[PDB]
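Asker: Each chain is listed here by its residues.
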Amino acid sequence: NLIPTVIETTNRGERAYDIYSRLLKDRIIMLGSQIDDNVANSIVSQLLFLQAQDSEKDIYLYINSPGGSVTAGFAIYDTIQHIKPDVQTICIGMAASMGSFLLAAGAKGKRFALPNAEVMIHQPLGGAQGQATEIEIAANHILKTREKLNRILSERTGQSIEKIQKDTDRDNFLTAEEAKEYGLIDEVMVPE
Amino acid sequence: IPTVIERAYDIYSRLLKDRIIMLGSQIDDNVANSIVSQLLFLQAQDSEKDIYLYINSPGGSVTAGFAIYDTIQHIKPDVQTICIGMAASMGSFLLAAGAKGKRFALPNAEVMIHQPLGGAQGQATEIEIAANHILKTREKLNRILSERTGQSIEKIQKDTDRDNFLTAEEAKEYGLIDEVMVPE
Amino acid sequence: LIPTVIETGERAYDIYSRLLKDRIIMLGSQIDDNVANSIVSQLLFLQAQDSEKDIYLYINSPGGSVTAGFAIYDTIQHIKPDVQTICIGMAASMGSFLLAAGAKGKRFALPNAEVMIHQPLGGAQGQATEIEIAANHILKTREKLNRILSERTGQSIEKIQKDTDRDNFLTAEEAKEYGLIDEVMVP
Amino acid sequence: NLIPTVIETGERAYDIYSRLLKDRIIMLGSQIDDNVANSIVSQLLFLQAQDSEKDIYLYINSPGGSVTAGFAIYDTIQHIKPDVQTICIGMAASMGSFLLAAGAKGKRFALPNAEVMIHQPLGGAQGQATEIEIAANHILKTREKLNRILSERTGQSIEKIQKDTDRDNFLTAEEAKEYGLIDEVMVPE
Amino acid sequence: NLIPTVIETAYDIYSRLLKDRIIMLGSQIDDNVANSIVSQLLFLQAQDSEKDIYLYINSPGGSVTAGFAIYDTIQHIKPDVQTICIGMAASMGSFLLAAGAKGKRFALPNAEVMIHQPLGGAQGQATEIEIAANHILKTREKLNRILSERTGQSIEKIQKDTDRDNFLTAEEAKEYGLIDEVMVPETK
Amino acid sequence: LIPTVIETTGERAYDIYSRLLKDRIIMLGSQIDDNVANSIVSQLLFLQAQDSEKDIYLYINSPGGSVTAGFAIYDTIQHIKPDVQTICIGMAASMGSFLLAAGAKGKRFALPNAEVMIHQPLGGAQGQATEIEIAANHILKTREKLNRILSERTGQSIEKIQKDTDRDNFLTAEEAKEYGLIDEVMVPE
Amino acid sequence: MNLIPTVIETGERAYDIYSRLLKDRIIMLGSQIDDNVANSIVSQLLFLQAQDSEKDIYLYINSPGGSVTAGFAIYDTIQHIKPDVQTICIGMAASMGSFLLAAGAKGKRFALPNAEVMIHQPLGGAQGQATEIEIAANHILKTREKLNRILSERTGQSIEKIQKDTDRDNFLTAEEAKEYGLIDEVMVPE
Amino acid sequence: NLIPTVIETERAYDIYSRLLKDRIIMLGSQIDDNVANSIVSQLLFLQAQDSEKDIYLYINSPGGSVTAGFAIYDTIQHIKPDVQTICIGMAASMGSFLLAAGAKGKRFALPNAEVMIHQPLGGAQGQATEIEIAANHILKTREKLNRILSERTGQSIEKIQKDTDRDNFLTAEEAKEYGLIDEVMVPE
Amino acid sequence: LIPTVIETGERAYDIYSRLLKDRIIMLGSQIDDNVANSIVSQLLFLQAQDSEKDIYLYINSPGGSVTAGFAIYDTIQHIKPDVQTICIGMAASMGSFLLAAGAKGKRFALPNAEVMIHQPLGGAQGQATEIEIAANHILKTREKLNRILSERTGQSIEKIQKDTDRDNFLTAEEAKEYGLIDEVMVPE
Ligand SMILES: *C(=O)[C@@H](C(C)C)[C@@H](O)C(=O)N[C@H](C(=O)N[C@H](C(=O)O)[C@@H](C)CC)C(C)C
Ligand SMILES: *C(=O)[C@@H](C(C)C)[C@@H](O)C(=O)N[C@H](C(=O)N[C@H](C(=O)O)[C@@H](C)CC)C(C)C
Ligand SMILES: *C(=O)[C@@H](C(C)C)[C@@H](O)C(=O)N[C@H](C(=O)N[C@H](C(=O)O)[C@@H](C)CC)C(C)C
Ligand SMILES: *C(=O)[C@@H](C(C)C)[C@@H](O)C(=O)N[C@H](C(=O)N[C@H](C(=O)O)[C@@H](C)CC)C(C)C
Ligand SMILES: *C(=O)[C@@H](C(C)C)[C@@H](O)C(=O)N[C@H](C(=O)N[C@H](C(=O)O)[C@@H](C)CC)C(C)C
Ligand SMILES: *C(=O)[C@@H](C(C)C)[C@@H](O)C(=O)N[C@H](C(=O)N[C@H](C(=O)O)[C@@H](C)CC)C(C)C
Ligand SMILES: *C(=O)[C@@H](C(C)C)[C@@H](O)C(=O)N[C@H](C(=O)N[C@H](C(=O)O)[C@@H](C)CC)C(C)C
Ligand SMILES: *C(=O)[C@@H](C(C)C)[C@@H](O)C(=O)N[C@H](C(=O)N[C@H](C(=O)O)[C@@H](C)CC)C(C)C
Ligand SMILES: *C(=O)[C@@H](C(C)C)[C@@H](O)C(=O)N[C@H](C(=O)N[C@H](C(=O)O)[C@@H](C)CC)C(C)C
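Going line by line, the protein sequences match chains A, G, K, J, I, H, B, C and D. Adding 1 to a residue's 1-based position in the first sequence gives its number in the deposited numbering. Throughout the second sequence, residue numbering follows the deposited numbering, covering 4 to 9, 16 to 193 in sequence. Throughout the third sequence, residue numbering follows the deposited numbering, covering 3 to 10, 14 to 192 in sequence. Throughout the fourth sequence, residue numbering follows the deposited numbering, covering 2 to 10, 14 to 193 in sequence. Throughout the fifth sequence, residue numbering follows the deposited numbering, covering 2 to 10, 17 to 195 in sequence. Throughout the sixth sequence, residue numbering follows the deposited numbering, covering 3 to 11, 14 to 193 in sequence. Throughout the seventh sequence, residue numbering follows the deposited numbering, covering 1 to 10, 14 to 193 in sequence. Throughout the eighth sequence, residue numbering follows the deposited numbering, covering 2 to 10, 15 to 193 in sequence. Throughout the ninth sequence, residue numbering follows the deposited numbering, covering 3 to 10, 14 to 193 in sequence.
For the record, the hints were derived by calculation from the structure and aren't laboratory data. Some hints here could point you the wrong way.
[Claimed, not checked] If you want a taste of the chain H side facing chain I, the calculated C-beta under 8 Å gives, among others:
| hint | residue |
| --- | --- |
| 1 | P5 |
| 2 | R16 |
| 3 | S34 |
| 4 | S43 |
| 5 | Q47 |
| 6 | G69 |
| 7 | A73 |
| 8 | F75 |
| 9 | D79 |
| 10 | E148 |
| 11 | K149 |
[Stated by the list, open to error] Calculated cross-link-like contacts (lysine-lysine; reagent style BS3-like; alpha-carbon spacing at most 25 Å):
| hint | chain 1 | residue 1 | chain 2 | residue 2 |
| --- | --- | --- | --- | --- |
| 12 | B | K167 | A | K145 |
| 13 | C | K85 | D | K111 |
| 14 | H | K145 | D | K111 |
| 15 | A | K111 | G | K85 |
| 16 | B | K145 | C | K181 |
| 17 | B | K26 | A | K26 |
| 18 | J | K145 | B | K145 |
| 19 | K | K145 | A | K145 |
| 20 | B | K58 | C | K85 |
| 21 | I | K195 | H | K85 |
| 22 | H | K145 | I | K181 |
| 23 | K | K181 | J | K149 |
| 24 | A | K26 | G | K26 |
| 25 | C | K85 | B | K145 |
We put the CB at the ideal spot given by N, CA and C, even for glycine.
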């Protein structure tokens, strides 16, 4: 479809801004889609840009995502942890799979979800075809990746790896209040 | 899409400048992303001045509607909902979401409401989880509509079992809107 | 398009059915549940007709389903009659496995017939739990395939594993040295 | 239309190919796959079981097919006690030309306007470099086997076969006789 | 048993006509059809080597090599093969119509005959295409050589006439030397 | 599913169409192509071989089809000794209506509610200007042949047939009688 | 116009986020490597050298690889140009992407703590005559030898070891990639 | 990340057009008429801008249309300015032909770039006459291609023919000895 | 992807607009109604800008719609400025026809450019009356094409018909001798 342009007067002329770009000026990043390499490349670039303009002031990341590539999510995750500013994460709609992972990845004390926003967690998925040697390698890799995913989730939520392992066997849906109890968020955002 | 100059503005961008957001498309994650951005943008400009949201939608993703819904309730400015054409499913839900006393539907606009849809395919354990998640989502959906309209949860449940087509006057009677817009 | 013969009352056999009367089974296609179903039926019928006399199985197969291949293998070993295996064209994958399954001293390949051996293939899609189960099943099936080949060729499992890692093409003489067959048929 | 039926007198009916099989005549008029090879081999074995002395006539009008399927047929021809006469009608190309040369020596025939084609085998290689290397050696080794057998059965040198089959090589009935592919260009009897 | 008789797809109508030494061609000439026609010619010779065979042609042609397989079996077999043209004998069909026994090639009053040069295809390298072009030219040379012998026309004339599509009536086809006579309705 | 009938001689099965062939009835219920024409011609030639004296009944319910395939049927009808009776049921159109007129004179019928359609032949030409000219000349000459024969069999002039077949002309049973395509309209016995 | 329109992602008439990073000499590789992607990256490297030959260039790689020749076009340019190219791995560097990660200025090749590095042998397709397949097999075998030779020089690993480790897919952590010699330092957040 | 943008502090450039300003033309596609048109216009544009200064053409091309390559080739040879050809990644088929087309002394390939030479491919479908014409054209076009290749490398036409029968892959050092390039580009 | 040229306010031009500013028109595609419209509009624009100064038309076209080419042809002749036609790569069919249609003494082809001439193609489907009308049109249009080509080249209509019966491929020198072009462009 179409996204609106916001035009505003500057010191040296009139700037036409993309609506997301306009929000970007106020240090707001909107993730509203599945996470692939192109989406991860965008988000990382926005994060690196926001640090370059100001390394002290906070960055707000809105997360409404069904997730996508794990590696693409890890590209985003590592960038969040590496940059100097605190990245505030706000869940609206649904933050699932990798989206739930990135929501819990925000600055501790600054991870929020909106009252009717949903959070879901589950174990990762993969594919494997060809020879038995090739399938074993792919099988060992997805199990090794899952161990890393559970371990980081244990650090973020405060829940044990064994609990994370048990609670992600099948899809698990949570409320904003149930997500706060789990340790995925800090506070449910209250109307202002 | 036509362009107007003052600064060259497209027609939707020109109306955004006067705090008007047009939602004529189907509600997906992309559309929900854009509406939330516009709502947050208009609050930053002025937190007191109202915003007008025209609704002409057959709905779409339930969670995507909730992203818009929770943003409407969260922000300081009052959001007015204006129904033109048809507000069905999640679009009707977003119409009821407008600031109380400021929800209108136009005389010949149609309002349709019904229960949510889903897909569950795979093992019996996986189907049960998908079945329980949709059933809990509907309860939440019914519970919110109860509060917006004043109708009982059990009534909302019974009425949304099948497709329910309501006129502008019928929608007002239901409490989905406050007034019917008078030609002036 | 396949010819019919009439043996003199008078009753009509198709060309393959006629050879089954002389206890000859033609496997000349990919091995699936259907083909395995047909081959097993022919093995059981021929045993019921006569328990003592030898059965001749011609193999020209790229292979196919492993379990379907095992349905044939187990029937071959179970029945009382000796099943001679003759390789013409190509016995690859499960075909080479079924070729080596014949009665010892009675496994043949023709002079220009080819034999291919390699590790099995699989497909796993879904959750990490689902993939672990699938990988464990495929790997364990390979162990089963390797130890049976060890028993029938005399080669060690370490050699079978090493030599089946990639596609391995063998001539009739090379297969005999390996122990997949006993003799190379001569004109 | 179709393939006609013949009745011999109770009453019995043959399809036209099945009637010819009675007189030890086999028709190969399609691409050579595993099914076609399977059918052809069985007919050779059935005819030998019926009589191991008398000659078999195999008509060849084939564009070729699988090399392994052709070798299944080839190896059966050499194995059986009866001589197999090869008759080329229309076109014998690739593996079809190879099988025409496979016929009993002194008994390979082609009709006056029948065409014979010889060329190197085709293949496919996909995936890893190690996987490609293995497939390349197999097609190369199989080509050497095909060229070696062709040299033995025509009288041309291996190096000449290699050079002549590098590209598509078209031969007339006389040219096939000169090449040693057939013994005689069958002329009207 | 008695074999069930049927019209199409069992004892079909063609099998019943085959008893009286009549071979019906009402389709494209490909390897399947060539193979079947050839088998019928060989079967009919085995039954009787003296009695004449009747081949009705209503074909638009097909594979050149398929035509030659039918063509050469016609020339080799001892019995006379009479060619009757009904509807249309085009391309390899018209070539096969001229192949019939001399004095015994007929076409019906409104039967059409078409003669034209052979078609082909070549894809790939310049060496690959050169070989394909050389093969198609040599095959065309062979086609005109044989037609010349059958028609009585010169090779040079055949080349000119079959350059483009050449539609001939039954009377025109007789004039050309493709057929011996036109089967007029007034014959008992 | 085409039902079959069994009769005693010994016991012989017939499909319904070949059972009707025993009483010299040929059914044309399909669009005329080279396969259909090949079947019809065979039935006409088989019936002559059985009996030269007795009439043949050809029911026609066809939209038409290939002109050359229609001419193969037409020419065979005129060549054989038996009179061919043409009965129209449902719709005889295009090439089928032409074949309806081809019946033995005084023995061409249409049933009370059967329709007849006549029109000029269709065609296709795609290529060079030389190639289109030849195809265009061929189609126009073929139309002359169709109109000349229609003029002879019906009784109308060539100029009237040319003008009436310019567009699609739909005729009833009574109109087809008056035009000359049939002789009588069948009545319930 | 006095000023250019600003957009994040994106005919194109605007100032996208990647261009703003390109002003600070940063190149974002976040896709599979084809000739189109290679062309743009090479153009960015050549442009950045022209602006300032002394200052460093930062190449972020999140790639599964692609064309070997397209990867080599990027590779040769990195080595040819005067400015140092720092390579940073985020998410995944696999195949030709891991090769380009090794290609960065020695002492300036980084990976993020949960970034993955994957190395394996090249892939190909060959369909046709036995003569034609032989050429394709020889060409892919020579290209693997070239790839292994360059990786040996870059990582400090022996050619023999590279051949063995790349026979099948080989998944490495950021620490394991550092020990291999593919990177220099794991960019730890602390 | 697409084809990014460069801002001159406003003036906006896409990355390739910015390099065009500094006389650098990027060819990294299959060569077809649209591509050929873009290259030619760029070459004529740069000639019109200045007639003395060199033009740099980077080649990462698998090949393309032969006539479209010649459109580019002939424009290069006609214009006053020297055009330097730089091979990055792969210069195959016509890409290798255009690589040899550069100003002598100024034809470079990077150390790990690949050069590939082979005979052209064609298509011929239809009548035997049409096939003969099409075969003649592509054989004559191949004669033209080898002739120009011979003139620009110093190799005999007989050698070029033999070397382009099948796909021939050459290294950057190997291309230099052949005469396809002058020097292997060395790091600074 | 076409590069942008910026000339100094400051103006943004795509590469084809910048060459259009210097009276150069690029034709490097199939000739259809859209292309022809764009080509014709450019010619009218350049006459409006300057009636006296010469226009340059680069042609790399395989052909297209005959009527669309005539819109270009008739506009070329009607306008006051001399239109120079330069064959780059390949001018085939209507592209060749338009090449010869340039101002006399001002029509060129580059040393390795190709020119191909042949008769027109058509499609006729439907009723016999409809086929006749379509066939007459193709035949009238061919005669119109041959006559104009005869006038331009100076060759007889009889020779035109004979040379365009099949595909005819001409070298740059052979195009000059034929009279399709006046001179072959020599490198500077
Ligand atoms: C959540 O967003 C999951 C998707 C919605 C399915 C996501 O976490 C996920 O697991 N994605 C899978 C993935 O990226 N797998 C990769 C891979 O197979 O390459 C590795 C993590 C496997 C170890 C997608 C669906 C393949
Ligand atoms: C109205 O717009 C509804 C339909 C489009 C008519 C909409 O509310 C709806 O039910 N959407 C469904 C949906 O979001 N389903 C999700 C899902 O399974 O992903 C369920 C979780 C909702 C309970 C779409 C049609 C799937
Ligand atoms: C040889 O015939 C093998 C292939 C056809 C090349 C055959 O042995 C084989 O591996 N078949 C595979 C198979 O049956 N896989 C099953 C399966 O995943 O269902 C595995 C359990 C076997 C270990 C086919 C190709 C899937
Ligand atoms: C002639 O008949 C050849 C082709 C049909 C034209 C035939 O000899 C041939 O090369 N067949 C190919 C073939 O069997 N290739 C096998 C294979 O791919 O397994 C190679 C092992 C042969 C060396 C078919 C067309 C693949
Ligand atoms: C008439 O029957 C001709 C065609 C139906 C138009 C027939 O003679 C013909 O041209 N057949 C072509 C053919 O046999 N081509 C082969 C080939 O491509 O291999 C050439 C060898 C024939 C010289 C068919 C239409 C391809
Ligand atoms: C009635 O059946 C007519 C068609 C169904 C429309 C039939 O008479 C007819 O015109 N058939 C066309 C035909 O055979 N055309 C051939 C041809 O193009 O080869 C012309 C030679 C006829 C003059 C069919 C539909 C092509
Ligand atoms: C990693 O990026 C590899 C694949 C994309 C997974 C990459 O190294 C690779 O193998 N690329 C292959 C390639 O470039 N193959 C060419 C070719 O056959 O054209 C070979 C010449 C390389 C030696 C692609 C995937 C075909
Ligand atoms: C290398 O670029 C070659 C191929 C793309 C691999 C290229 O030189 C080539 O052969 N191109 C072919 C071509 O342009 N053929 C023309 C044509 O068909 O008009 C012939 C006249 C060339 C003799 C393309 C691939 C068709
Ligand atoms: C050259 O460019 C020719 C073709 C494009 C190869 C061109 O001259 C030509 O024949 N064009 C055909 C054309 O426009 N035909 C019209 C038509 O059928 O409408 C005829 C009236 C022309 C006499 C195209 C290919 C249809």
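Asker: Against the earlier hints, flag every one the structure doesn't satisfy and list their numbers going up.
Answerer: 1, 3, 6, 10, 14, 20, 25
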